[PDB]
Each structure stands twice: as structure tokens, then as C-alpha cells.
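Okay, here's what each chain looks like letter by letter:
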Amino acid sequence: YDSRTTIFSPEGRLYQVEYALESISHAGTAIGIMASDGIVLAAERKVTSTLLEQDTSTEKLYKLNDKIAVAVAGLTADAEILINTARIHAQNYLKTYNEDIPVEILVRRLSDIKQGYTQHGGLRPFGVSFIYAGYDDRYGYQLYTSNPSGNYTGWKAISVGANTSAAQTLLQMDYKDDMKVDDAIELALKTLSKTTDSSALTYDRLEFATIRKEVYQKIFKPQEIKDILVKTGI
Amino acid sequence: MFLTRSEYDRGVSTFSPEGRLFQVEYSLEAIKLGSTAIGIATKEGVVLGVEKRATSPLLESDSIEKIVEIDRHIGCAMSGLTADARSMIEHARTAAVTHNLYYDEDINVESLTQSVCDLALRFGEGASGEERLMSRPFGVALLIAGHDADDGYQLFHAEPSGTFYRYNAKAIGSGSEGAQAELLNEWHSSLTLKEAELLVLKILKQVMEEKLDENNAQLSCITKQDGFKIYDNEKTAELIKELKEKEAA
Amino acid sequence: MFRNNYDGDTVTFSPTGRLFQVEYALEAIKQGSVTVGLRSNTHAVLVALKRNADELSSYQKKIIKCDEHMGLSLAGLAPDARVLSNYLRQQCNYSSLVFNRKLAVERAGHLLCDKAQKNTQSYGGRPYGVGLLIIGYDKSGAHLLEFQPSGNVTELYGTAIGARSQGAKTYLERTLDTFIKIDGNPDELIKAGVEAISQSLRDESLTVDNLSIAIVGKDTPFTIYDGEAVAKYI
Amino acid sequence: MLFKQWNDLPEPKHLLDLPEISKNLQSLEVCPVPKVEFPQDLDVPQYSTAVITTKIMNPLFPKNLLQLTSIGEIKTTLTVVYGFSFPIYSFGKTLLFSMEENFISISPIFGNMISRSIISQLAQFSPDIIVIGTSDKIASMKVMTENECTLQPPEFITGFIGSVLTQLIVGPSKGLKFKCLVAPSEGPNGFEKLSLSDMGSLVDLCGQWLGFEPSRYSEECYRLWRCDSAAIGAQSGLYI
Amino acid sequence: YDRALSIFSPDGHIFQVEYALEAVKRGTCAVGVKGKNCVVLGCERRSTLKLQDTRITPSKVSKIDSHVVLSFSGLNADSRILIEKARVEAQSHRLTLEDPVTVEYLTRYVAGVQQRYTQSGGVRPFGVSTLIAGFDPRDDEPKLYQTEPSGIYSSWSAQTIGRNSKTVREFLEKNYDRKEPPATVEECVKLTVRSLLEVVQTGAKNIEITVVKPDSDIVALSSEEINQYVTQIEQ
Amino acid sequence: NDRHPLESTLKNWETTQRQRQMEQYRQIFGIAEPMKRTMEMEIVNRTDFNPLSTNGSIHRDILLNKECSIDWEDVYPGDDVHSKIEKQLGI
Amino acid sequence: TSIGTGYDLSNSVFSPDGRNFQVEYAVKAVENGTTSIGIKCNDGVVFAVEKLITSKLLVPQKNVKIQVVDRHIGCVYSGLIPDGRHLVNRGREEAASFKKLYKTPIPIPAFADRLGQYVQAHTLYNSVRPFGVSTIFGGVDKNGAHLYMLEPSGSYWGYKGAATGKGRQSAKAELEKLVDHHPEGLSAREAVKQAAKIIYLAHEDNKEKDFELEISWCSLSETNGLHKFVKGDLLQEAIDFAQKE
Amino acid sequence: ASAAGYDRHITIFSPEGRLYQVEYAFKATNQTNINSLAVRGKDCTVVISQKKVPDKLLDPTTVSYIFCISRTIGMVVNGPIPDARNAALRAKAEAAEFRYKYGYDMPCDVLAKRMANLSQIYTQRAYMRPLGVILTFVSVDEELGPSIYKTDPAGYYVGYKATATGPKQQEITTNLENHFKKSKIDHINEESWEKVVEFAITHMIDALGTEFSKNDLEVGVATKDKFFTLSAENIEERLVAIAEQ
Amino acid sequence: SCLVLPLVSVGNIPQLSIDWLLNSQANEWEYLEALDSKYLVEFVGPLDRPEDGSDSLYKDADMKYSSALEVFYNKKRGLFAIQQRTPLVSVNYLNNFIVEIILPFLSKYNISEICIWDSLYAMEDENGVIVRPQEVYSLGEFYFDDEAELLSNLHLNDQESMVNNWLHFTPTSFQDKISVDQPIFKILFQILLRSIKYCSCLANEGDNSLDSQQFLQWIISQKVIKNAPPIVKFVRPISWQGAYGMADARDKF
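Residue numbers (PDB author numbering), protein chains in the order written: chain C, 6 to 218, 224 to 244; chain E, 1 to 249; chain F, 1 to 234; chain O, 1 to 80, 117 to 276; chain D, 4 to 238; chain H, 48 to 124, 135 to 148; chain G, 2 to 246; chain A, 7 to 251; chain P, 2 to 193, 202 to 262.
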């Protein structure tokens, strides 16, 4: 009962969506943490070779709007179209109400989109899952995660992709709610270093972003990524 | 000579050998699962009743309408998968109100039955060349009851097959086989409405799966002055106790 | 056996060179009750046997008039019978209005066979399962067109279709030299037609409630007899 | 339709859509077999003949015409839990077995084992057997007996009555004098349908074997058939 | 037969829609009870991991208007969209007609939407069964309806859906007397709490409660811990 | 009277132009060629559903022979995905 | 292999050996139809078909096997009756449209090409089955007598003589022999007799059944290029000549 | 190898990556068993394809795979004639539409590109089969000079200085390669299309290996003025010239 | 002596092939006995004869009906052949069939080898049994005297592998391994008689008459069983004339 995405199995479960959930588990780990004063995104890029142009690739993270950023896992091709639709929707909301989109409303829209392609038989589920991060007057900093099934959930600290269980356990053990960005960064880097299959997780394997302090959204280039990685002394 | 899996069982577009169209057949099988519905016609009126089929006592037995009105003089009882029946009843009411609006006159029951069966016909091409509306026939069958000055009290059974018959007495739903057999045993042209409704209660008791009660069984009648009116709980309890007083012992 | 591998749909031929799906549609006529028609130079008559579901129910309409000069009988599928009868009535009215001209019997026959044929070429749509006898009289004399759901239409002096119709057809074959010459005596022609259908019965006898007769001619507009009217012809 | 759905292969046709005995299809050990319980108080010798029939043809025995009475249940079980039973009717000097054949709920193994138990029980008493059933691979109604076959080579019989005939012709207690009648049918087991002419001919014939008056028997049989029996189904109303 | 929506099973079922309804059993338990003048909806919130942000998106029970409440079990993603369409319909009705949506009308619309997504094989039916509840505009009679993926809907005095539903429904069948339904809000809330406690072994942190009252009043409680204790004292 | 004069004709220019082209082809090449071309067009439109990208199918451009042409209707091109599903399936 | 299981249960599918098997099965279906022949004359074409008189009921005059597509085109088909009649209707529509457009009779090559295109289209897509009728049609126009044959595959050719149906084998052999004996170009009067002879020689495969033959011909000299049936003395003379066996 | 699954019927990739459907569509190009040749001259282009009927009754006048598409463009096809005619008419319609749309006569390059792209749609759409034909467009381009372009059902698009197609392509192409190699030139370099036709016939005979008369082949020539297929008498004259040589 | 046991499968090709074999050698084959049809969907049909009109396989006139599953015998070849007309009730009982019917029969008549025939649907690429798809047939063999160590270890330990290599498949065969299909269950049960042979055919649904003819031709070409070539003329049983109904004598050609 998997050739078609429109049909339930006798156990009342969708095999096609469960396969998609399996797919993202193969992608590189993406981890997000919320601190008392800012959000931090980190992502280990699965694709790696000495010839790849790290200085400009930045395909593992994306920017949707000022003070909103997302890390992605799964197919980059599938990620790109949803990111584009999210950007269009956010800018359209800004044009209409002349206020920045509350990130929850954005996550609602994208979760509905991802559900929708699980609905029509000619459309397969999006093989991607996003970590949303942003700021809004409604709730301040908050992390949202959305799966191919089209659902979403709020979190203080979450990991996505390969070995997500180990990263989740490490976060659940070490996390505290009063942390600040400069320490959440250390926590995230430690978690990625202990979750990776690489020996040392050099700066090339790593893509990074953060939102902190009206609010400055900064995605680090590899030079400062190396500087920070040596700052935390991996 | 080898036993092989058939495939004519699947889909409404395939004829079986000897030219039988099964997916309409199984649709009429789904009718048998529905609640029992009974109707009896007589020159002085027509009465019909239904098993409410309350799955649990928590359900509101007063708010599951297996009997409904389509117009002042025209109502119907239904059985089967009520989802399709909702669309069927809505179409019937729309047709009746549109007819009254356009022609400023009461809708003839036969015309309404034809219109309803036309909607039921839409698993294929419509009666006027309309494209197919749905992938499957309705899993619903109903019997219409009403009065027309040119026809008198009459009772039409309508299948999902796009066919309808005028019936002196009819039964559908669970155990309706024995119900109709006993109706054929009992029915006669001289039945008065009192006897008609008491006989409906008798047959329901004979076919019903549990004790016959006013909270699970209800009746409807069509009369020229009354039109379509549903008997209340007190009326049905009166009729049931009259049943155990008259027919029993 | 192998038939089950190629009868699944209206499109696929079989290696024997047959098309089983429309063959089943043709066979569907055998389930319907017998209906008989016969021709005479001045009159053409239909005779049909109505079936009712049970003794509690009324009898079905086996004969439908389309205009004062023609009508038809049918057997087989009720839905297809309704569809074809309504389509033919609509087109007869269309011809009578747009052209102010009565629709010719042969013209109607071909106009309807073209509709019946198209459904056998396209997937999803099924062949019609209604065989019907179109009868009418016009400027070109009396006609009786047998129809089959597979587009086949032919003009016959008389015929029988439906269950156990071959007996009536045999009687008509044995009396063709006789009943044709009965032109000018509608009662005798109807009696011959009824005597034809009588051979098709194995269980029940003809009665005022099941039998039904229709006649049309130069001096007789298409008329339907039923109930006590047909007592004198039984 | 502008295109057939490419995904519709359709599925292969060598295997049948029968229910699985147990969910563990990968089981790698001797699968258990149904047990059959037969009422031993029946006292078979008091009956001169037996009739074995599938549920879809009950209407041939109208209670208003012959005093049918239930003697007892045949009960079966299969621990893996599956378990089913059906009544043994009786009338005159004749036994009647009705199976309630249904492929959706009942695996044909139950039917075959029930047939074996029934025939091995009837073996010693040597009653006359009139097995009446249906088939979906026969062009027209046939009559059959152990010394005369009226089936053309391509035609055959399946389902429960297949098991009954098998036990009667081969295996233990074979060689029992029996008369058989099979009407043509359509659709799968238990939910089958019958043509009008074939059903009427069956009524005309089945009465002669049972000895009931043909006219009144035929009237009662038609009454039961056309009164919304599952055998007739949509026919009266689907066809004019 | 189970391969598609458009084909009946030989016995009259439509196995695909039945499978969808079974999938409705996957989600967490939700229950609703009609009091004499108040309606209580309780929901078994999935045991929150300590990393979940409790202060955002906590409630499955959600509003469709000032006087209507919707609860559900099953596939959450489908439920959100069905709720969105219900809200759209409610406001469209308020626009085209002066009077707000009757609860019966809203549940009919939701049942139609669910049915319409079953009319063709191209779309998966929603694996959800909503429990629309509320009070009709300017009318004191409480109303409570249940919808199913097939589009079948019915009004209940009390009903349960979701995981381990049978245990709760049997408990309500025994303990709810239609001759004397719980009148005051406290009694109805206690009945709901007792009903859910037969399934939710976890403490009160898992049980959410929503109370809807006539005249367009909706409130969610955060004090049922007292109610849980009282039932503990009664236990 | 309140509309711009060019509005009514330009609104459906592409579809009426295609209809006229098919009429000419039927006149010259018989019924078969318009049947083939219209069936190509409908089988391409029917099977291509992708609500997010309003851009349109590439093969639609290929079949209209406008794979190397630009029009102002191309330069300057209830909206939820589910509304699109409803509209496309007509369900 | 003539079957090729697997790749044949759906239209518009190429088999591993290039064949699209559904068209092959459509060709197979053409076999069972009534035999028909068309003979090319120096100034016309002669059609003959062996209509089996299945039962006495059929009215002889109005039950005709040879369909007229237009005043100047005769047509006869063998195979599935519905497909044949539908194709004839399409051909008649094409003739009407072309005449209405240019106000002149459609020359046979253009009409044959149009019908070949129409038939070929149905073999292209999944949702439609190939036409299971082999057709013979021809007539006379500005460019003289033409005689074409189109198959279920949509392939067609010009033919000096064509044959179809169950009796195709012996009829084809006899027609080959006739054209071999008379390359000079038969006259319509001679072609009628020759066609009657050939079609009777095809009847030996179905001797037990009664039959009639309808002979129609269109010739530049005989009927001003109008397609007219053979009735009366000429047909009976054809009977007598062919009766010589 | 035999196709695995859904690829057995529709154009989707297999585990080995290849498209079994298109590969089978290639084999259908040999179904009719014809083989063709194309070569370029100084100012003209010539195509030769066999015309083995072979049936005696089939009229030779219409066994023609060389379709006239436009004044300056001709084409010859391999594979079943139904698909060939469909493709040829599509080419004619596209050529006329281009002439109207861009105002100047349609170049062979762009026309063959359009046909290749149209074939490309079928190469990736699920519900349409490739036409299963191999087309060779020949013309005298007003700026490229004589040119030959070949398209195949996979949708490829390659220019050729000389081409052979059909079952016997290998010997013919090897012979043409040998001739050009020993000549050290990319064209025959004859100042009249008659000489180029004679050369093409000579090398066809030296590869197919069979001496054949006027009935067995049809010759198409494209000049700067217009494209025309040679009649039977012209082919006879050319063969007589070859025999005299 | 040897036994050949067709298995229901895509296109029923083993069963059709056994029909071809039996009908094409009527002068040799004869009916011996019916096996216990307990586990089969029960079958009862009339006698069958080759279309040539030769003497029926059921030599003795006492026979009037054909059982669901019977063993034909060839005295000259010392060969047995089962003809299974219906599939088993469920794969759950695939084990019991071998345990209680086939093996008792083999031990009863001292069979030396059982040459099982099978058909494999192209869609069944599960566990990648299909390899070298260019080929369309496959022959596998197993010998107890050579594989004594293999059976010695197999009844003691299990590797829980989704594929197995017990059978030695010959080169240029479209498979080298067997994973989950019918052979895994039985092969274990004939292991838990000197040798076993397994013949497989890649196949598709349809009129598999000619495909079965070619399969039988290939099988005889291979030296699997010492049988004379029936190539002189294959004779279908009279029953097959009804494969497409009885007649097309209806007025649409």
C-alpha cells in the first residue's frame, strides 16, 4: 500500500509519508537551540569535497525575511521551492498588513503546503524538514520544526536528520533555559562534534547561523566559523 | 481448466460474463446493512417507520433523522450510508422548491422520484447527457411517500440503480427480506391507516434486533389535511402499547 | 481462463481478435424480458412483457413513446435504457423544432447508433447494455429498426429481443410470409404479434397487468395499450 | 477518459484474494488445521437422504411450505481465534446442511474440512445424497451423478460443493450414490447471483426431486426469491 | 477492494474509508460531554518532552467562532486545514447572512467538506473525526456533534474518539444518565476528568479542558488539578 | 461601456487564437489533425498539476511553438494549495 | 511469437521486437469479417461483398453492406460493425466538409490520407483502442479511378486489387491471377463479372450458409463518375457468368 | 533485456538507467525492413530508399516513403508508414506555421530541431508513445548549402554529410566512409543532380549488393529551386545511364 | 525415477506446461491416483483428453471426474507428474502441503529427485533475485550427497539472511539466488530422495499458451529429465478450446 499516497493501509497509516520521514534521516544533521537572548542554528553539510566552494555554497541554511531563518534537511531541490514560497508569502504579508510576518503564521502556511502535497495523488510529499527560527512581538524567540507530514511543533532545542536521537539526548541532558547565545553556540558545536561521523568536524563540514539582540540575523562565513570552532576548542 | 482470480468485481465500468454490472450490485448489498425501513400505502393514507439504530445510549435518538420531509405533502425514509443520502435529500428538496417556485404548484411525486433517480443515475452518463458526477453509485436506497391529487397516496421505492417502482408495501435495510415476505403475507387493499401503522409496528417488532420501544422506533404518515407529520414519542409509545394490547395475547 | 486476462476494460483486444467487454454488453440483453416487434405495410406493432420486482410492486414501462409517429421498446439495463430513451426524445424534439421536420426513423436509428458506438472506443466509459426496438411510421412507410448496443442497427420485418426471445423469433421466421400481408387490419396484426411473444414464456401467462402493446400507422398515431385495454388482444 | 492510470497494472491473477489464516505469513512451521465438531445425538439412521447446499440457495426451502426445524449446530474452531458454526436443518426424512459460504470471513479450508467431516459422518449410513449448489464457470444448469457427467471439458465446479463432490468421488468413503445439480452463477462465493431463467428452471426441477407439488412449491419459491433475497440482488430493478 | 475509494467491498463496505476511520484511532483521546447548560471538552495531550515549548501551540481544541468549539483526534495536519476551512465558512456565513453559523450548520459543512474529499479517488480523505460543539446563536440549548471521514455525523450527549476510545465510551455509557445529566459546570468537569483518567495514566498535566457556555463564552481551565485531586479523594 | 475597449478582445486572445488556428487546420488537414493536437494539449494540461509554480509547463510552450517567444502576458504574470486541489479536480 | 504476453494488454506499447501488439490483435479481428473485394478498372472501380443473409427477417432492399461515403466514393468494410460504421460516418463528414470548403469533390488521395490519419491517431494514445476494421474505398475524380485499402494500423496503399475478410486467402490469390492475366486494364463491365466470379470462389469456405452479393461500381465512362449500385439485368448477368464456376 | 516493471509500458527510467521504451521504439524503425541513403552534391541533395512492394497486387504508384514537406525541404522515413505520414504532416504544418510566423522560408535545421523536440516530449511524458520512426530531412539551405539532418525516436538531432538507415545501414555507411576517405572531401563534387543520383545508385548497389530495376527504388532530389521525387521513367533513365557506365 | 511438481504462479505457466507435456505424450502418460486435496481450493471437473482425439489420459473407464490435484505416471520413463488445478488456500498452509502430502508420496514410490517448476513475475525484484534479466529461464540443482555438509549445518543454525544460496544455479540463468518466494519455504521442508531440481521462468500475465510451449521446449532441451522430445507436435488438451468461451456467433463480427 505505497504505490499511491492517497490510500491508507489497513493499519490506518501512510507508508509513503513514513518513507519520507525515513529519507530525512539520511540527510546531514541540523540542530537548533533557543537561548534566553537569541537563537542559534547549526548544520553539518553532508556533501563535502576539497573542491567544493565553501565560501559561497550556503545551501544548508536559508534566509526567509529579516529576523527569520531556517535550517533544512533532505533534498535541496525540494527545499528551494518551499523557501521561495515562504519568502513570497512573508513579503506579501508585509505588503498587506505592513507588519513583519509572525513566524508562527509562516510556519502554519508552509506546514499546510507540505501537507497539501501529501494529499493530491499526483504530488509526492516534500522530502524535507525545516527548523524555523525568528523573532516576533507575540512570543519573542521560538524554534519551530516541521516534517513532511505537514505538522509542526515548538521547541527550546531540537535536532533533525542523521543520528537525531543522539543529538536529542545530548541536548536534553545538557540544555538549560537561561543560556545565552554565546554559550548556546558552544552547546550546539559540542553536540554536532559528538554526533558527526567525521573524526574532528573541521570548519569545512559545518554551516552555521544565528539570530540575537532591532534584531541582527547573521550567517557566518567559513573564516569566522573556524575562528569560533577554535574559540570553543573542539 | 484452472481457477483464476476474477477482476469484473472491481469498478463500475466492467460487465461480468452474462452481462451483469456488479459494482451497482454490491451497492445494493450495502443497503441491507442499513436500518430497517417499512412503508405501507392505503387509499386513505400512507405510513412508514424506521429503526433508529442507536449504536449507544449516549447518542441522541431524537436527532438521527432516518425519516425526513421533502415538501408539505411529500416526505421519504432512507437507509444505508447516510452520507450520500444527505446529498440525495438535499437535491430532492431543491428540486421540489424550485418546481413550486417556477410553476406555483405542488410537485407531483412521480416527477420528484424521477428527478431523484436521475441524480442517483450519475455514476454514469446522466439522463440528459450530463457527464459522470462520481466514481461510485450511491450506497443508499430510499422509499418516497406522498400525495398527489392525480395519483392519490402512493409510495415509490428508489434504488441507486436509477430505477424506481410504485409499491403497495415495501421494506429495506436489515432483515428486510423477511419483513417484505411477512408484508406480502399480511397486506390487503382494505387496510385502514390505524391498521396500517399497527401493522408497521408489528413488522418492526418481528424484524427488530431488540425490544421495540418508542425511543428507537418512529413513524411518519401522509394525510391530505395533515400532510407530512412525524409521530412524537408519546404517540409512538401509545401505538406500541396498543400493539401489545391488540395483537398480543 | 485466458478471457479473464483481456476482458478487464473496453479498450484491450484479445489475441483471438475479439473484444470481450462489448460482448458482455451484448450478452446483457439476455437478462431482460422478451419484447417483440413486427412490420406491416400500413402498420407496425410492438409487443412487450413487463416484469415487476414482486407482487407488491407495479409493473415497469417497457414501451416509451417519442412522438405521435414513432416510439421504442427496450430490454436490458435500466440506467442505459433511460439514458438512451431520453437522448432520443431530446433529439427528436430538436429535429422537430430546428427543422420543423419529423425525425426520420432511419435518421434517428443512425443518430443513436453513433452515440452508442463512441462509448466503446474510450476507456472508462462502458458499452451500453440496452437492446431496443425503434418503431415508427413516416413519409417512407412503416419501419422497425432493431438496435444493439454495439452500434449495429438494421431494419427488420419483425424480431424479438431479451430473455428467451429466440422462440418468438422462430415463430416470426415461420410466419413472415403471413403477418406481413396482414396490412390493413391492426387487430389481426396485434394478435399475430401477441401470438409471437406467447412462445417466449415458460412460467407466466400473459395478463392485462404485465402485457403491453403499442401500435403506429398512417391512420393511427403512436398509441400504447395497457391494463384492461389489452384484454381483447390476449 | 483521456488516459488510463498508468499505475493500474493490474495485479496478477494466479493467486486468489482469500483471507490469510494468520498475520504471520512468514511462519516457518506446521500450520494448525481446523477442528470440526459434529452433533452425535443426530441419529442419522432415522433419515433416508441428505441435502447439502450453500447458503445462497435457502429460498428453495420455504418454511411456510415444509416444516423446517433446526436439529443442531456443526461447530468449528482454529487456534493460531477463528471459529464458526451453522445449523443442521431437517424436514421429512431428509437432512439439510447450509454452510453460510463466505470468502471474506471464511477461509475455504473451513469449508473443505466441514465437507470432509459431513461426508465421513454420512458414510456408514448410506443415505441418498442430493447436493445442490452453484458455479461461476458453467454455461447453463447441469445435472450430475457419479456414473454420468454433464460437464464439458472447460467447465467445472468450485467452492464448498467442490469439496463435497471431491469427498464423494475420491478419498475416504468414496463411491456414495449421489445426485447433484449446479445452477450457473456469477460473482464470488457467498455473494453470488443467479439468472432469472436459470433460477426458474431450478425451481421447476428442484421440486421434482423433493417430491413437493410443482405449482405450489414454485409459487412459494418465487415468493422467497423475489422478496429481496440475496441471490436475486439487483437484477429486478437493474434490468427492466 | 481496499486499493481504492471508488469500489464497494462485496459485503457492502468501502474498505478504504474504513481504514481511514481506523487511522483516526491513531491520534490521542478526545472527549466531549453535554451538561444541562454547559459543554466540556477534554483532550489527552501527548506527554510533552521537556524540550517542547509549552507556551506556544499547546491546545488541540481550537475555536471556530465566539460561540463554537472544535476538537479532534487523528492526523493533526489534516485537522488544522479542516479547522481553517471551517473558520472560513463561519465568517463567510456571518458576511452573507446577519446571523452567525448554527452549530448544526457548521458541523454539516465540515461533514460535507470531509465527504467531498472522498467523492474522488484523487484525494486522500482526512484521517480525522472532529467533535464540533457549542451553543446556537442566542439560544441556550447546548449542541455537540461528531464528524467522521466518511462524512457521517451525529449528535451525542457524550462521545469519545481517538486512542483507547472504547474504554472511555464504555465508562460514559455506564455513568451518564440522560434522565439527569450533570447540570452544574463543576459536575460536568468532574465527569469528564473521571472519564479521561480511565485512559490517561499520567497526572493532570496531560488532560486539557475546555468549557463553552451559552451567549458566546469560551474558557480553558488550568485548575483541573483540583478536580483531579477530588476524583483521587473519591477513588 | 465602463471597460477599456481593448479589454474584452485581449483578455482571451491566446485561446481564441488557438481555436482559430485549429479551425484552419481542420479545414486543411481534416478532423484527425485537430483531434491529435487538442488531445496533446489536454493530456499535457490534465496530468501537470503543481500549485506552487504558476510558471506553467515547459511542454505547453513546446507544443504551442512559443518555446522561443515572449509576450507581455509572459513577462508580467482562496489561493491556498487546497483550494487549487479542489479547483483542479473539480471535486 | 504472435502473442507477446505482457506488452499487449495495453495500447500504445512497443514490444521488445518493435511491434505494438494491440494493432496486431486488431488485425486479427479483421479476419472474421465478411469477405470483400475491390477491383481497379481502366476507368473505374468495382466493389463486391459477400453479405451472408443471416435470417429471413432482414428487409432485403434497405439492409445494405456497401456504404456510400459520397456521390463519388464507394466504401466497404470488414470487421467490427460499430467501428466500420463510425469510420464511414467520419469519412462522409470529411467529404461534406471538403466539398463545402472548396465546392469540388474531394480527390481520393486526400480523403484516403485524412482517414489514414484519423485511424492512425487512435493507435497513438493509451485511452483509445485501434479501429478493428479493414476498409476498401475508391472512386473517380480529376485524376482518374483510385482504389485504396487502409488497415487497423492506419497503413494504407494504392491497390490494383484488394481483398479482406475470412475468405481473403483464396480471393486474394484469384485476384492476383486475374490481374496477371489482364494487365491491360479491365473495363467496368468485365470487372463486374470477374469480381462476381472471385467472390463466389471465396464462398467455398462457407458453403453451407446462404449468401447474396451486392455489386457497385463507379466509372468515368459508365456513370459520369457517380457511384451507383448494380441492379437488375447486369447483376443477373454477373450471376450467370460466375455461376459457371 | 526485457523491461522490468512500469517501464515495460511507459517512458520511465529503469534500474540500469536506460529507457527500455525508447530502445524498443528504435527497433520498430526496422519493422518495414526498408533501408535508405542520403548524400550531398555541389548544390543539391539526393535521397534514395528502397521501394520493395513486394506484393504483386499493390499499386506501385503509392509505395512512397519520400514525403514532400515544403518547396525546399523533402524527407524520407524509416518505419511504419502510419507514423511516417503523421510525422510528415506535422512537419508540413510546422513549416507552414513557421513561414507565416517569421516571414521567411523554413530552414531544414530548425524544422528537424522542432521535430526532434516534439519527439522529446514523448521521450519523457508518461502517457504518450514515441512515434517510432527515423526521419532524414534534406534540403538546399540558402546559407548552409546542401544539408542532411537525421532524427530518431529518442529525440536526437545530428547533421550528416551522408547517411544510411534501416537494417542494412552498416555496409552502406562503411562504403560511404570509404568513398569519402579515399576522396578526402565531404561531398561528391558533381555539378549536376543527375550525376549525384547516379553516384548514390552506384554505391547503394555496391552495398545492398543487388542489381534492381526501376520498380525497386524511389529517388528524391532537393535543389535550391524546389524538391521533387523522380518518376519511374526518370529512375529508368538513371539506371540505364548506370548500366552504360 | 523422478517427479515434476508445477507451482501456481504468474500466468500459471507451470500448470500450462504440464498440460502440454501430458497431452503431447498421451501414448505414455496415464492416471495413477488423486492426492489428498485437503489444503487446496477444492476442484471438480470432467475428464480431459488431447485435442487430437487420442485415448484419454484417464485410462480406466471407472473414472468420471477429475480431482483438484492428481499424480500422472509414465511407466516407460519412470516419471511422475502432478497437475495442480487450484492454488493453496493460503501461504500459511504451504508448509503443511509439503509436510503431509508431497513427502509421503515421494517416500511411498521411492522417488529419487523432484523437479519443481515455477514462474516468476518481473515485478518481484524483492531482494534482487532477478539478475541477468536478458535471460528468461533459469535452472537450479541441489544434491544431498554433495551438500551433506550444507544440510548438516542448515538444520542446526540460521543466518537470518533475506537471500539464500543453497541451490546452484547454472550460468546464463536469470537468477543466482532465492529470497522469499515459494521455494524458500518448501526447500527447507524437503530438507527438514537424492536431489532436487528447480526450473524458473520469467513471465507476464496474458495468453501464456505459447510462452508455456517455449518454456517446455527449453526444459526438454536442458537435460533436466530423461524425456523424449515432444517437438514433433505439441497437442493441447480439448479443454483449452473453452478458454475464450464457446462461440462468437453474434451479429457484430
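Careful, some of the hints might be misleading.
Not close to chain O: a few residues of chain D, all C-beta gaps over 12 Å, as computed [as the list claims (entries may be wrong)]: (1) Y4; (2) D5; (3) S12; (4) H16; (5) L24; (6) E25; (7) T60; (8) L100; (9) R141; (10) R172; (11) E201.
On the chain F side, residues computed to face chain E include the following (Cβ under 10 Å) [stated by the list, open to error]: (12) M1; (13) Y24; (14) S57; (15) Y59; (16) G124; (17) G125; (18) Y157; (19) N185; (20) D187; (21) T220; (22) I224; (23) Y225.
With a Cα cut of at most 30 Å, we get these calculated DSS-like pairs of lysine-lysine [stated by the list, open to error]: (24) O:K178 x P:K65; (25) D:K39 x E:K205; (26) D:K208 x E:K241; (27) P:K109 x F:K115; (28) G:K101 x A:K119; (29) D:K39 x E:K211.
Bear in mind the hints are in silico, worked out from the structure with no lab data behind them. Ideal Cβ positions, reconstructed from N, Cα and C, are used throughout, including at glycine.
Query - Given hint E:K211 paired with D:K39 - CA-CA distance at most 30 Å - result: 29 Å, holds
Report task. Check the non-interface label on D:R141: least C-beta distance to chain O beyond 12 Å or not. Result -> 48 Å, holds
Query raised in the report: Given F:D187 was flagged as interface, is its beta-carbon under 10 Å from a beta-carbon of chain E?
Result: 31 Å, violated
Query raised in the report: How about F:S57: closest beta carbon in chain E under 10 Å, or not?
Result: Since the shortest Cβ distance to chain E is 4 Å, the answer is holds.
Query - F:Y24 as chain E interface residue, shortest Cβ-Cβ below 10 Å - result: Holds, about 4 Å.
**Report entry** Interface hint outcome for F:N185 [beta carbon to chain E under 10 Å]
**Finding:** Nearest chain E Cβ about 35 Å off; hint violated.
Query - Exclusion check [D:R172 not at the chain O interface, CB over 12 Å] - result: 25 Å, holds
Requested in this report: For the pair supplied as a hint, O:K178 and P:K65, confirm whether the alpha-carbon distance does not exceed 30 Å.
Outcome: Answer holds: O:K178 to P:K65 is near 15 Å, not above 30 Å.
Requested in this report: Against chain E, run the beta carbon of F:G124 and see if the smallest gap drops under 10 Å.
Outcome: 6 Å, holds
Query raised in the report: Holds or violated: is there a CB of chain E closer than 10 Å to the CB of F:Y59?
Result: 9 Å, holds
Report task. Using Cβ atoms only, decide whether F:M1 comes closer than 10 Å to chain E, and label the hint accordingly. Result -> 6 Å, holds
Query raised in the report: Is D:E25 truly not at the interface, in the sense that its beta carbon sits beyond 12 Å from all beta carbons of chain O?
Result: 15 Å, holds
When the structure is compared with the earlier hints, violations turn up for hints 1, 2, 3, 4, 18, 19, 20, 21, 22, 23, 25, 26, 27, 28 and for no others.
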